[PDB]
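Number of protein chains: 2
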Amino acid sequence: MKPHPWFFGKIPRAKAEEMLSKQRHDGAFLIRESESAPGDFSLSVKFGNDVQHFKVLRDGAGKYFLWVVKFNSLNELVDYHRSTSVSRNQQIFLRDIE
Amino acid sequence: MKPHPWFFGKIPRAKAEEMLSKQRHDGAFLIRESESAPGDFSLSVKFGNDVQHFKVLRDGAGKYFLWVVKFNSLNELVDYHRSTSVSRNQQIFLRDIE
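Protein sequences appear in the order of chains A and B.
Position 13 (the first sequence) corresponds to 166 in this note's numbering; numbering is contiguous.
Position 69 (the second sequence) corresponds to 222 in this note's numbering; numbering is contiguous.
If we strip away everything but chain A, and leave its shape as in the complex, we get:
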């Protein structure tokens, strides 16, 4: 086993952008510990001529995530699931009843 090459601990975002800006492949990244938000992590990623940052969010149960899809209405949930599976284990897409 080897340590992960992407964990840089507490480093300034500017320092993260400086290093990642030098990487050649889009997607080159690192995880750093936020200086502004105690106990939080942020993901810094090279993409094109920029280095984007994504806060790592946590939920009540303590799980991590960058972004999830939630709906403001049943109508929107339904329409979204006509092209994204309603199931995590199988590919099932909604189609109107006849």
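Wrong hints could be hidden among the right ones.
Identical copies go unnamed one by one, so any copy, or any two together, can satisfy a pair.
As the list claims (entries may be wrong) - Cut-off 30 Å, straight-line C-alpha distance, at most; resulting in silico cross-link-like pairs (DSBU-like, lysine-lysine): (1) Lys208 to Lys223; (2) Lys175 to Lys155; (3) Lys223 to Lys155; (4) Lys155 to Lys208; (5) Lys223 to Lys168; (6) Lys155 to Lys168; (7) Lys168 to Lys208; (8) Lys175 to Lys163; (9) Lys208 to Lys163; (10) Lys163 to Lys216.
Note that these hints are calculated values from the structure, not bench results.
Assemble chain B onto chain A, guided by the hints.
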């Protein structure tokens, strides 16, 4: 504007399975109001020779969803995002730094 053909209100799940089992296309579905969980909705969908049911969950903010992806560790979040975009607005996939 026309009413949605998929909202059946409070009907027994068995009744939902009976009707959807007769549909010809996988994905034929309906939304019904759960008799067991007051105020909740469930999605019933035909798929193959079965009719599956998915509870419509709600979060603190009141938004709806069937399922979302959360991680038990940063390690898992990172690895998942090597093949699913870290961004909701662009396709950015993680690749190890050099």
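Hints, verified against the model:
Taking identical chains as interchangeable, the C-alpha atoms of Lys208 and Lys223 lie at most 30 Å apart whether they share a chain (18 Å) or sit on different chains (14 Å). In this assembly of identical chains, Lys175 and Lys155 lie within 30 Å of each other by CA distance solely inside one copy; the values are 24 Å within and 55 Å between copies. In the homo-oligomer, the alpha carbons of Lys223 and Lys155 lie at most 30 Å apart only across protomers (25 Å), although the nearest pairing inside one protomer, at 37 Å, exceeds that limit. Proximity of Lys155 to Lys208 under the C-alpha cut-off of 30 Å is restricted to the intra-copy arrangement: shortest distance 26 Å within a copy versus 42 Å between copies.
Taking the closest pair of Cα atoms, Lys223 and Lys168 come within 30 Å of each other only across two copies (28 Å); inside a single copy the shortest separation is 34 Å, beyond that limit. Taking CA atoms no more than 30 Å apart as the test, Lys155 paired with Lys168 passes inside one copy only; the shortest distance there is 24 Å, against 56 Å between copies. In this assembly of identical chains, the alpha carbons of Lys168 and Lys208 lie at most 30 Å apart only when taken from the same copy (16 Å versus 45 Å across copies). In this homomeric assembly, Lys175 and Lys163 come within 30 Å of each other (Cα to Cα) only inside a single copy, at 20 Å, whereas the closest approach across copies is 59 Å.
In this homomeric assembly, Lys208 and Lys163 come within 30 Å of each other (Cα to Cα) only inside a single copy, at 14 Å, whereas the closest approach across copies is 41 Å. In the homo-oligomer, the alpha carbons of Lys163 and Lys216 lie at most 30 Å apart inside one protomer (21 Å), although the nearest pairing across protomers, at 34 Å, exceeds that limit.
Hint compliance for this structure: every hint is met.
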